[PDB]
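The lines below spell out each chain.
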Amino acid sequence: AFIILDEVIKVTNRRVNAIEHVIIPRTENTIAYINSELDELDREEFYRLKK
Amino acid sequence: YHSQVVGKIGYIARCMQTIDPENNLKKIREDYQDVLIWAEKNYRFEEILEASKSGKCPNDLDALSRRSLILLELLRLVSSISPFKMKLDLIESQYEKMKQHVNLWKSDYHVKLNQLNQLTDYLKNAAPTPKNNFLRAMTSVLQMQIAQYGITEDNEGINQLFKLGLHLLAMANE
Amino acid sequence: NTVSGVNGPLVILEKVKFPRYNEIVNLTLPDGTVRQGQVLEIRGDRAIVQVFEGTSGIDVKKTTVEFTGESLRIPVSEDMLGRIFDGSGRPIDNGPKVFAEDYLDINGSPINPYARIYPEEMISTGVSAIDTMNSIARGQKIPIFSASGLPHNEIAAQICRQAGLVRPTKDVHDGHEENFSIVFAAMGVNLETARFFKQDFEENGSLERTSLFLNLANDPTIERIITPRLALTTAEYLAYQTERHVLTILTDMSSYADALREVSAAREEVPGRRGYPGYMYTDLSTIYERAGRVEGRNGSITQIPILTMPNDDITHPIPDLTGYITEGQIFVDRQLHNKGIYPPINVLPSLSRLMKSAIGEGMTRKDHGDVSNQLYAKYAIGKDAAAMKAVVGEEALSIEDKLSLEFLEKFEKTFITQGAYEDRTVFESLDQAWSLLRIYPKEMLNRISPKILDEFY
Amino acid sequence: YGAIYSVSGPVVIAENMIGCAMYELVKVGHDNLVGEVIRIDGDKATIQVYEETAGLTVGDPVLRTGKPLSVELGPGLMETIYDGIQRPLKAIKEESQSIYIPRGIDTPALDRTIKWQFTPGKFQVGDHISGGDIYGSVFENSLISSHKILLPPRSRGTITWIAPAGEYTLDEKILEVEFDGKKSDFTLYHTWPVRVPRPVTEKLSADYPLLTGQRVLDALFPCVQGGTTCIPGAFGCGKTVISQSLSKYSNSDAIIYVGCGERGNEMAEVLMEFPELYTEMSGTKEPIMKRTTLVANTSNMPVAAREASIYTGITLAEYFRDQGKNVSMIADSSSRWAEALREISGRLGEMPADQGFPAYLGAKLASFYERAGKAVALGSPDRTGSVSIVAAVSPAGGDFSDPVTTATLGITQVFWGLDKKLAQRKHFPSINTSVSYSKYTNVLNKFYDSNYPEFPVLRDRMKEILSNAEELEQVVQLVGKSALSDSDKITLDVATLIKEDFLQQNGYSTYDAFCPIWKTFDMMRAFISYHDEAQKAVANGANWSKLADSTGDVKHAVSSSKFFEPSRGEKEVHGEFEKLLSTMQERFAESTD
Amino acid sequence: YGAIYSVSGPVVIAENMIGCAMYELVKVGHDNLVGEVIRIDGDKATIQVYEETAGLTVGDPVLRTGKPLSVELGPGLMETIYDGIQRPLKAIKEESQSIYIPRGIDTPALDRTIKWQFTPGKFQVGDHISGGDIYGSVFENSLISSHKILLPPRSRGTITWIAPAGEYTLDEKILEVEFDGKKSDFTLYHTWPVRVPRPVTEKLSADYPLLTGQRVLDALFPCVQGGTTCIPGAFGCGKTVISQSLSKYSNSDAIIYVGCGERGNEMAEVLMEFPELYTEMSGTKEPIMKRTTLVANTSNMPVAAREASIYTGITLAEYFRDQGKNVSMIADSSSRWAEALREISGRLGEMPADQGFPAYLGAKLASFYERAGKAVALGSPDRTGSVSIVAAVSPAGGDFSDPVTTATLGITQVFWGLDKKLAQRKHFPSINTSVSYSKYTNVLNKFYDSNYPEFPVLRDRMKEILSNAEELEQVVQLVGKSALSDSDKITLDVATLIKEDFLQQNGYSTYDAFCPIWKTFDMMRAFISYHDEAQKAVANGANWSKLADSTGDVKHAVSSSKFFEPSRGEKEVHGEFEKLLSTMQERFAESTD
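Residue numbers (this note's numbering), protein chains in the order written: chain A, 1 to 51; chain B, 52 to 225; chain C, 226 to 682; chain D, 683 to 1275; chain E, 1276 to 1868.
Everything labelled a hint here was simulated from the structure, so no lab data went into it.
Treat the hints loosely; a few may be bogus.
[Unchecked claim] Restraint-style ranges between C-beta atoms, simulated for each label pair: (1) C:638 to D:1156: 14 to 24 Å; (2) D:698 to E:1340: 43 to 53 Å; (3) E:1382 to C:679: 48 to 58 Å; (4) D:1252 to A:23: 56 to 66 Å; (5) E:1743 to C:665: 18 to 28 Å; (6) D:1156 to E:1856: 52 to 62 Å.
Note that beta-carbon positions come from the ideal geometry of N, C-alpha and C, so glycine has one too.
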């Protein structure tokens, strides 16, 4: 049981560190540029219609 | 542009005349003859602006502020030493020593003059406590020793009197 | 005539279109202030001019018009070196006049000295990380890409202070054949940073051979935008007229782009992506066009501008258009500066345009491009192996990733580790990189020739 | 002057412009509403109305004020609360009995019932005058005078009328200037526009530190007086605690508080908390309220006061820096001013920008941070002054990639973060080793080391113990609790006592607000000598608990050294650290054996 | 002549126009500035001038040319540098003493100061002539004619006068055509509009192979003569080595390089590098400069030469393809042309589109790619010609979802992407099956497989292993090397060497710039044979590290056989690649036992 838990903990810490290290930044960095592009695309059609 | 040069020349002549009314400072007044020449005769703003526009007089803001800082520090040091008086040779040696220093804004002379001015300003509107009387006597002895020994000498009595006046000024009513 | 209207920094006047385009106009108001500007638009019985003095306080039926008769041009002369001036072309010390002798237009180059030969003369600056990883040439425009919270002014002041001392030893190496000159252009910078750059310029000895333009955020954007065209026109006029290598540093690009974005919303021009103006390629193309060799085979115009991100994103049009329009880029990492590395020059996305045609014979070696490409590929594979070793672990990784992981750790604190006043030649960077590069076998090293790789590992 | 052509929404359109500039403020109609001409299209001018336009019809006259939109600078600014538009809050509290200004206010920006004594300067008749010279002095404080009577900008000539000493009002004139005939009348107060900065003789590099009283703030990353500092706000993370603790615990002669987009509770708490607490400079008769200036605008007031609050605070800080005193400008926040400028830009009909903000927000934010700083006084009299711009940066629009926080963070060279857990932990500020940074620590260590510092050696050693303990906490959590050595427990134990003694401050006594540089310099040397003696004692053979129990009152006295008075050695040096160094050197031999 | 009513920026308004149009070019002012009438408003026509407006007074005369802007087609195109507006850049170096003309440069489009060798073709006196027929030739190539004299389109008749062999000038007429009377005199130079496509008899499908000079590009997905290729990538993807390799190692009779938004240093380096390179087909002195045509532009150059650079280069490529020679068009880049069209749309005041680009970028981009291609040459001879258009693109908005990259990539039939992960490793270009696609690879593999090919299985196996290498690297990077088998580790080991040797195509010498099909087929066959031998040795009993470390210099010699020019073996297949199969087959037998 000690040899099983010592083998399982190294996989669990590497999986949690890999997923927690790889999770947030691509979705946040893509979502910020998508929100800015949606804001500029929403602003240009109002600027042309106002012009 | 021209208003800072004309106001700096007239303020330098008025500060030099207000600093010494006897006109016994030939060493300090010898270097300021080019600025006192325009104030000792008929000279309008158009003549000073026209002469300063062609580079016929001082027009640098850094050189005018640095040259005016020595007269402002000498007038503030001579004015903060009241009611005591200083000698003309000691004021000329203090102005010559302050003029030959590279730092005239970060030195301990302006901090000591501001420290004596804080004790004089605190003593000019002090309450009816004994700390204003003891701080007034210690500020009078520190002003007499500072006017007698000059600001260029770092005596232990002026530092102990300034430390005792600064420690007495930081006290409270309890 | 009189001012018909005013919207922001541009005022619409009722003047006739008899004057030519770019002519200077003087507005006389009864409040006791005179403002000078250039006509941005001309029409029949109407005109729009952008003034460089004053922002608000323009009367409608109380303003007057005056015909100067001269186009908007910065007078460049040989007497401008050795004095502090503003962005509009006025001295702040209240000293002498500009005394310009030649006329240079700010909108586009007036000579067009496009060199037909590529530069192969390596210009050194005193940095083993910058000159080693990116090959520099006479007139190669290489900008520095930074972000919010990064010391780009310290790297620009270190490049300006280090640029000027290697020219005497590099003059005998056949790397330079003319004098060195600096171009100081500041827009939207603090007074402490301008005094810090003036202390580095006075310490380096380039104060009497360079012109300084002081532009702050309290003046108009039209007067601040004219400073880079006047600095590039003075650097190109001095480099083309005097046959000397001049390095122009213009910071920041975001402050100059903010005036173009602020002078694009009030006009009839449609804005671009990310809230920026749609004509940024024309404004950036004028600054980017003045770069390369000059006529005569003895002068060049080198540009090293510092560009800071306005939002801290890699999807902006200023960094994408400026990085694609330039012939290279210098990447800055927040982890390298926060870790304690100085200078924080990133080598992962850093790449130069000329790597096999910018180094010659007499001042640089032939294996510097292969050692820089092998150090860049080993730095990228060592960065991916360091990320995989940080994520998964060194025990799960293979034995090939351990050599790149140790090579990235040794080269991260060995190659990019330098002082603030120490210089390093390009010849010592190959011998220093050859010792750190000998951590893998000869089969794994495939970014160089077999003769240079077998002669030196 | 002009005639009302049409009124649609909150903006008013007036035609018949025959010389009305786009920077002068005027009142439209007969209600005397606040407004200014933003733009002009032909004969019709566009003016933005920041007040209620109810009761306005077409065909009403527009009377100009006769000058640009600015604030009045004179005696009586201290011990008073006003808005950004220069509105009398005490006059509205006396007449209307409220804290909000009503619609159609046309009173002056300064009180005329409080008279001051005017004294003549060194200037006499016959000598020429100019802008910048000290023409006199007037009392503005409750006990002493700090408002120096100087010449205003854009004026020069000869003193044709010299007023004598005595008591006078702000409306009555005391000085007259003669230049090209009748130039204008001079009084105690003067007018200056908020869109133009105060000119000076020359600017200098700031190397003086801000006297605040923070031991961890002055020890870790000391923010000098005259530099740009940015702090990220969270609306309850500790932004008002740093301003309230910095206003009371600060020993500066001048203080300027700028409230642009606050909720109203923080302005009332900071306004009511000022006269109840005393200062550390020995002030009397409201020393905290007399030496500070209150400019508080709520989030329900007009946008003219919120947008002109930073220009009025920068103009008052520029006049206070030109007078010769040091003033600290604390603003909160820039997001309310950017949202107020974006509301006026969107309501006026101008072209928008990226993130919904205007295009002039970057130039106004760069000019606002570039306007402050340490400089010399204008004219011939050169005086020492400093202006510290400490503006908070809250989130706007629910994003973190906007150019407001990114432009203010990239433009500034000093940062001080605030955490919600740090404010609940009684930490002020809530940044230990990774939430704050400064680039001017080299000049501040050169000046503070220039006076009598020993902080230059222990400056990197103070942050190195916190970075070593913070780096060792992740290795202790992930690697294991038994993986650390004996030196890491002594370094983390020294960093816990140094962080608890220095960073742990909530104003428990009178010695936790004002802190001298000598006690903070000797406090880092005592912890550095205790950490070096603990590491050297543990390296010669010893236990961690045997070494801490061997120290005992030597390490326990350093944590309780802040409770003692600061006047231990002369008036500012702690005498317990000098004998505690020899006591720790004598205890180091007993700790090893 | 018209009168200039207003001039604001790059657009000028001229009234009293009765001959203006929508695409016709005219000259405004006395300096003869390059411009064209884009639109008209009432009696006045708006003309957008790409030249600098600094120095043009209002009220000058404007004379319309009466036709669109085009270029001259005749002898003198090769060995000369010009702009996109049909202007001589070589005359500016002699007269103006500058590379590019800044302003006021009125020079002829065709050189009329040099004489050329005029020789008669396959026509004689009395024979019928038509538009596009070979009426003459000029010796301007290595071993064949380059500038073939052809008749103008939409014309016919009989050759009445035929000039003999000898030297003649461009202004002198040596040809006379009689068709329904005296039609007109014929000379060497001819006129053709750039806004209209070149005429042809009929279009045909592209079925000829083209050498791009890249091992990964030709091995992954090779293009044909007449196809369209798009190359995305931030900061380029190696357009210098790919542009020089397409002109030097290309098997086309003519090469046309057009720079619409180049800085000028890369065009000068590629222009100066062409005279040092020798032709491999038995050429002469200056072989690469005689068969190469360069159109150089600047970053601050005129918009008429930048937007008209692709039209003049496509018209010159169609004119060279109409004679019967294969022409290759290398354009870099379309993002500067799309930004120049967006700047003209924003400056002209037209309605914008999504992503900040104009709506004419789709029709102009589809017409630019549709204007090139393979087809039958127009004329009585019926010769075969081809025009390969290769235009790279860059991200203007910072992402790969913009209308510029998606519009040019959607209309194109061949694609060659660039990966940032593979580009960071000093490998350009890097795409196997994720950013690269081609439909003509099936018909293109018939001829290369018809000679001696093995690429038909090694391309699908290398694309499958390269596509599976990213999926194995994603799970190996996310989870680790514990959830994968030995076959995925051997496939990733072969994909690492195949991606390292195939992706790296920059070249450090003269022998590392050309890439034949036999060397790439031998290297891919050796890598596929080593990958199959590793799987067979692993299936027969072995380790992965013992297989790769057991191979060692056997794979290192195959990876190192790219730094030498092919001059050994039969014609291009050296013995080092032939002995690598016997060495790998001998090592595969010892690796099993």
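Each hint, compared with the structure:
1. C:638 to D:1156: 14 to 24 Å: 20 Å Cβ-Cβ, so the 14 to 24 Å window holds.
2. D:698 to E:1340: 43 to 53 Å: holds (50 Å)
3. E:1382 to C:679: 48 to 58 Å: holds (55 Å)
4. D:1252 to A:23: 56 to 66 Å: With Cβ atoms ~58 Å apart, the hint holds.
5. E:1743 to C:665: 18 to 28 Å: Because 26 Å falls inside the window, the suggested range holds.
6. D:1156 to E:1856: 52 to 62 Å: At roughly 53 Å between Cβ atoms, residue 1856 (chain E) and residue 1156 (chain D) fall inside 52 to 62 Å, so the hint holds.
Comparing the model with each earlier hint shows no violations; every hint is respected.
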